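As a starting point, one isolated chain is supplied in structure tokens, in the form deposited in one PDB entry.
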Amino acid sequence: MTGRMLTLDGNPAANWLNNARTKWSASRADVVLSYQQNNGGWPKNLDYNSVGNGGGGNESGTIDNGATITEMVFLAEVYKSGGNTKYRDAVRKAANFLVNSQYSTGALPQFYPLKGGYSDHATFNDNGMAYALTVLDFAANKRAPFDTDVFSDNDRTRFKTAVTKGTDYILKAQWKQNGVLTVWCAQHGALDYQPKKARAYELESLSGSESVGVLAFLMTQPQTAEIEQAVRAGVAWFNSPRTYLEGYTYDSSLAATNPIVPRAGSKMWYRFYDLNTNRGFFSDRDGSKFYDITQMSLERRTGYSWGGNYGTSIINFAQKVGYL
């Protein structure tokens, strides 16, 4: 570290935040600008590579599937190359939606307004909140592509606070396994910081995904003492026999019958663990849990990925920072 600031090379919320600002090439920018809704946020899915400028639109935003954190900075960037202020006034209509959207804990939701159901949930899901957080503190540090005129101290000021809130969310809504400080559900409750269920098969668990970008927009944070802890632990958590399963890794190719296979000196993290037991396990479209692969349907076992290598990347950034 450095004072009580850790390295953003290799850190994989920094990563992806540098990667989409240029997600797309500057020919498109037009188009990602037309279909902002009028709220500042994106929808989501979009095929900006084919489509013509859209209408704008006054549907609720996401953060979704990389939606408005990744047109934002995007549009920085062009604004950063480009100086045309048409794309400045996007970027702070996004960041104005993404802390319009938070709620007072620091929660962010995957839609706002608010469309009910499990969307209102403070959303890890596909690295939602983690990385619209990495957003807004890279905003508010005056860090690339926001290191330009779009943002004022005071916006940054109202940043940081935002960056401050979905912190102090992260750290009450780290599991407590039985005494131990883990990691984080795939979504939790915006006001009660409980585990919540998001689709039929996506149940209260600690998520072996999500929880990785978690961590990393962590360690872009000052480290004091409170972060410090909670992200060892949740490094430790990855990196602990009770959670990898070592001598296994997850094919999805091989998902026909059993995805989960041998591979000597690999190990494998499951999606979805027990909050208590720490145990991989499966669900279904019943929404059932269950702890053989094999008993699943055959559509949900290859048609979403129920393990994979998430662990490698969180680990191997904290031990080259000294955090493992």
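So that the term is clear: the rigid core is the largest set of C-alpha atoms that superpose within 1.5 Å between two forms. Numbering follows the first chain given and starts at 1. What changes on going to the form deposited in another entry:
- Here the two forms are overlaid on the core, and between the two forms the C-alpha of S50 is the only one among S50, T277, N38, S27 to shift by 2 Å or more.
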Second form
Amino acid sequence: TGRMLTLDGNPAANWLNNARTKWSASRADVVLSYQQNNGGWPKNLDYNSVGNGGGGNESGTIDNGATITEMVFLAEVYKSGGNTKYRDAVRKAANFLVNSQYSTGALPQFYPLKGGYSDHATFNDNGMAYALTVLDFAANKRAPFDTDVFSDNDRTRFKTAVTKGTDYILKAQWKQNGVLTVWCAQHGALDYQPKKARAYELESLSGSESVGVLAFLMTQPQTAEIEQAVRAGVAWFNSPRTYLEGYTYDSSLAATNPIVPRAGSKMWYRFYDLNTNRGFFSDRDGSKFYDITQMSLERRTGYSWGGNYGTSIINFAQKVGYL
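Show the form deposited in another entry, please, the one above being the form deposited in one PDB entry.
Only a single chain is listed, so you will not see partners or other molecules.
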């Protein structure tokens, strides 16, 4: 309606609403106990298995759902139970995210900056896209942030951060021989270029992370340029030059080859070549190759090299008429 798309079925919104009750509410004190003084969480943790934390002075991170998940969860616990220590934790977390943001809008994996690939704009593990989703829900007074947790001035700051992040995403979207496509799992914070991360994470279009970036963009006012960018990304996911036809990724078969023939099924690669759009593989030696059986056993079983990534964004695009 107008230039706003529904949030019903939006993958980023679904992640956020699920995060509100990710753990038992009785785990709130254990979650709180790991928050660093800068407002971020230090690592991804399983709060159903760990003991009490002891705070700390290390860098915060958005690796593997950290910080963004905890802050949404604690905002909901505050909404439901009224204990202001949780409100205060959420305030520190939102400030952490904004403090981490580069002038260009990029969000790093770790902050304060640790050097290496963690400094890059990090789409990996839905980090930057879902962090911007959290800030956008906060900016727009959406539950669980419709309590007294934030002021009007806070929301103005968050809207600015979301706008900068959107600008970053639009500038980083990869032009493949003149055609707008999608994003690498990480890009240069200042130069917008695709970057490597770990040895086996090469410069590429990301089949895994580009879904969440498109979902975040679909939460925003659909300007002419944003509509074009989203339609381009969806068209890339829905192209026979991108998906593998009559295949699925079965991780139970990873001992030799998880990419297997299957009727009525499409598969997306985790990594595509920036220029040729060929699905590819890597390994701990940083090599680039096209036959997954050439990979070390530990990397083929220890990391997913493809999946059903496109399904959720293509179905959502169909729902809202973006095909």
